[PDB]
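Single-structure report; data block below.
All protein chains of the complex are present and in place, except for one that has been dropped.
Residue numbering begins at 1 within each chain, and the chains themselves are lettered A, B and C in the order written.
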Amino acid sequence: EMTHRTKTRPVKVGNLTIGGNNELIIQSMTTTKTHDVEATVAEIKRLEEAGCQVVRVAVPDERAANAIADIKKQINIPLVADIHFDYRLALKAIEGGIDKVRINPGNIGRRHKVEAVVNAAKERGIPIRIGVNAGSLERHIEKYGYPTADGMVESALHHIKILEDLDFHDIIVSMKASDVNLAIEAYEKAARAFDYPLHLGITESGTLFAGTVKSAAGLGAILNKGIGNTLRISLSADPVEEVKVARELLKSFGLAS
Amino acid sequence: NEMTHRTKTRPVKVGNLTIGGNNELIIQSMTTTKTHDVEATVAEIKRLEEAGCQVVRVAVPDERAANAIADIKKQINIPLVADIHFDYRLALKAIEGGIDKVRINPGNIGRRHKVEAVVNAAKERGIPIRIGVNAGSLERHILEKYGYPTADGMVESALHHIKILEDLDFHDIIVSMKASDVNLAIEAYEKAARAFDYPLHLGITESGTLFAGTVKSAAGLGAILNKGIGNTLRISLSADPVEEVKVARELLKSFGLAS
Amino acid sequence: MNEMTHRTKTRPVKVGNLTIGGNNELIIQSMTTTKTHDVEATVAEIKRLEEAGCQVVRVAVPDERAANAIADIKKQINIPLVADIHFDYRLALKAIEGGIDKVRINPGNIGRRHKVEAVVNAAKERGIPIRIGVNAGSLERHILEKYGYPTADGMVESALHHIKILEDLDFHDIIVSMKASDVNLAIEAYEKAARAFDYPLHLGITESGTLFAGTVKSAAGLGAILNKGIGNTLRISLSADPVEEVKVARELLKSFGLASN
Partner (left out) sequence: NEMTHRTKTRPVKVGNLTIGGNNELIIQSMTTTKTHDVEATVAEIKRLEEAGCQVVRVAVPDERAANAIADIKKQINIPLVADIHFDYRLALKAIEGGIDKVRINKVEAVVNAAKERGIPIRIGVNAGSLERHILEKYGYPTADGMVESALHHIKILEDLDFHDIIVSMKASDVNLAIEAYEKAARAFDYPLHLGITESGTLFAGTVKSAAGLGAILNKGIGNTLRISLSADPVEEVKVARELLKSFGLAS
C-alpha cells in the first residue's frame, strides 16, 4: 500500500515543510558556477521571481563549499547542496548554513565519515535528501543486469538504513530515471517501501520540448496516484522554464504549493 | 469491475488500419482548412503525413465539405474521419462520400429512420462509428440527474449511444470521453474502460496558451496511458496541426506505445 | 549496376538566372512559413532569407488567393520563387501566369490528360522547370500495397512514373527530390535516384520534431549524400525560422568545401 503525500513524514527545509500535507513545493537548480557568488545569486533571484520555493546548488569542491554563506545571505528561499560523497565538503556546506544536503549515505565511506555528517546534520537541524538515480546505481545492484524499479528501491533502502541506524529520520527521497514507465514504477514502489516524503523528478531529456512532454506525462501519472510532496522538473533550458512547467503541472491537477 | 486493458479491447478497421486489441496507439490530428478547398486540405494532410500523422479528421460543417471527400481521397494515403454533431444528412453525405469513420450522436440525430439510415449507411459501407461524449455537451437529463458534468454522467451518455447502436446490431464502435479538466478526463476514461470493451480514443479539450495546452494535455494523457487504456489519440492545440502530431509522437516515444 | 551520375553531369536546369545541375555547386533554398496571400508578411520573410544567403524560395500555393498573390510577391523579391502545388492544375496555371520561376508539383497527381498537357504547355511557353517531389510519407497507394511500406525502390518507382508523364510530352526541364524521415532511406533513395536518371537532385530531409534533432539528423543524412558526389541543390527543413535552415545549409556546405557559386 502506498503512503499518500498527506500521511508522509514531515520534513523541515529552512522555513518550509515538505511532507505531511498536500502541498507540492516547487524546486529547481542553478546552472552557474557555485563559487561565482554574483552569478549564482543573480540566477536564484530570477528563479524566486518565477516562483521557485527551494533551490539546489552543486558543491563539487572547496571553492563551492566556501561560497555557501555568501550565497545564502543574499537569498530568501532555502538552499540545498549537491554532494555525491565528500564528507569534508558536506561538513563545510553545513557549517555555512545550507538548509539541506542531497547526499547518498552509502557513498560516504567509512563509518566515522558517515557519523561526522549525520552529527553535523543533527547539530543544526538539517535534513538529507537521498537521491537515487537510474543511470548511477551501485555496481553490485551484478544482481538485476540493468536499472530496474527493484534495484532503485533496494539502493534507496540501503541509504535510509544507514541514517535510521544513526537515529536520523529527517529524510526526503528521490528516484530519478530517464524512462517514464520506470519513473512511475520507481515512485510507486518507493511509496510502498517507505514513509518519507518523495521528491519528484524525471531525468533531463535532450531537448526542452522532449523534456517538457515527458516530465509532464510521468509526473502527471505520479501526482494522480496521490504521491509526491515536492518536485523539480529537469529541462534542457534556462532554469526559470522548470519553474514554469512545474507551476502549470500543479495548476492542471488543482494542486497547491 | 475490470479495467479493460487496451490489448483486450475490440479491434475495428479505420480504413486500412486496425484500432484496438493491441498495445499501440494510432496518432490522429485534424485539418484547419475549409474541406471545400481541395488543394488546401490535401496540402495540409500531406504535411501531417510527412510528420507521422496516421489518421486525420476533417471539418464537415456543410454539404460542400461533404461532397469533396472523394477528391481529397484520391491524393492522400491516410484514413479520413469526420464529426457530425446534429444534421444526419451530413453524416449520410459523408458516408456515401467515402468517409472512413464518422463521429455521430445517435441520440441527437432525431427520428428512428434517420439513425437507421446512418447506421445502415455505415454498416453497409463497412465503416466504424465513434461515440464522442464531451463534458460540456451532456444531455439535459444527464446534467439534471448529476447536477453538473461528471465522469459517471459521461459514462451514462456513452452507454446509451452504444445501446442505441447495439440495438440496431451495430458494434464497430470507438468511444471518446473528452473533458477540459484533466481530473475529469482521467476518471471519465478509467470508468469507460470498466464500462465497456470498445477501443477508446484519447483526447483532452484544449485550454490556455500553446504552452499550457501542451503541459495539461501531457499531464492528463500520462495518467491515462499509465492506466493501460487508450488505442488511439489526438492532442488538441490552437496551432498548426503538425504541432499536435509532434506532441503525440513524443508522448508515445516516452511510453513506448507507438505503432 | 548503373553508375551514380555525378552532380557535375546532371542535366542543367535554369531557375531564374541560376543553373541547377551540370555543375559542382549546391544552390541553397528555404520555404516561407507565412500565408502566401499575406503579401507583406511573405515578402518580408523572403527578404530576411535573402539576407542570410538563401538563393531560391518556395511558397505554398494552396488556394486561389495565394496563386493570385504570386505576381506581387515576385515584384518585391530578388531571388527565384517556387510554387508548391500538389495537383490542382487551375492553381498552377495561375502560378505560371503570375510568373513563377519553377513549380513543385507531381504530374501523375494532376492527373487528367487535358489537365496535364495544359500545365505542361504553360510551363513550356514560359520556359519554366518542374521539380518532382516524392516523399516517403506521401507515396501512392499502389506503391504501398506492392512494396508494403515506404522503400527506396518504391520512391524510385514513383519518381520514374512522374518523370515518364513529362518525357512522354517531350518535357525534360526537370529537377527531382526524394524526401524521407528515416535517414537510412533518404540516403539510399538519393543514390538509387542518381543511377536511375540524370536529372539534378534536390536534397531534402523531413523536419524532426525539434531544431536540435533536426539539425543533427539533417546534417548527418545530407552529409552522407553530399559525400557520394550527388545533389545539385538542397533545403534543410527545421522546426525553426527559415533563416535557421539557410544557416545550417551554409555551415554544412562549408564543412565539405562545397560552394553555392
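By our rule, a residue touches a chain if its C-beta (ideal position, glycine included) is under 8 Å from a C-beta of that chain, and two chains touch if they have at least 3 such contacts.
Enquirer: Out of C:118, C:224 or C:243, which is the one that touches the chain we can't see?
Expert: C:224
Enquirer: So one chain is hidden, and I want to know which residue out of C:125, C:168 or C:251 touches that hidden chain in the complete assembly.
Expert: The missing chain is touched by C:251.
Enquirer: Who touches the missing chain here, C:134, C:187 or C:203?
Expert: C:187
Enquirer: Of A:21, A:74 or A:107, which residue touches the hidden chain?
Expert: Looking across A:21, A:74 or A:107, the contact with the absent chain belongs to A:107.
Enquirer: With respect to the chain omitted from the figure, which of A:77, A:114 or A:137 is a touching residue?
Expert: A:137
Enquirer: Touching residues of chain C against the unshown chain: what are they?
Expert: Those residues of chain C that touch the unshown chain are 183-184, 187, 212-213, 215-217, 219-224, 226-227, 247-248, 251-252, 254-257.
Enquirer: Just the residue numbers, please: which parts of chain A touch the chain that's not shown?
Expert: 58, 60-61, 82-86, 89, 107, 133-139, 176, 178, 203-204, 206, 236
Definition applied: only the chains that are shown with their structure count from here on.
Enquirer: Just curious, how far off is chain C from chain B if you go by their C-alpha centres, in Å?
Expert: Each chain's C-alpha centroid was found; their separation is 35 Å.
Enquirer: Out of chain C, which residues touch more than one other chain, so two or more?
Expert: Expected reply: 209.
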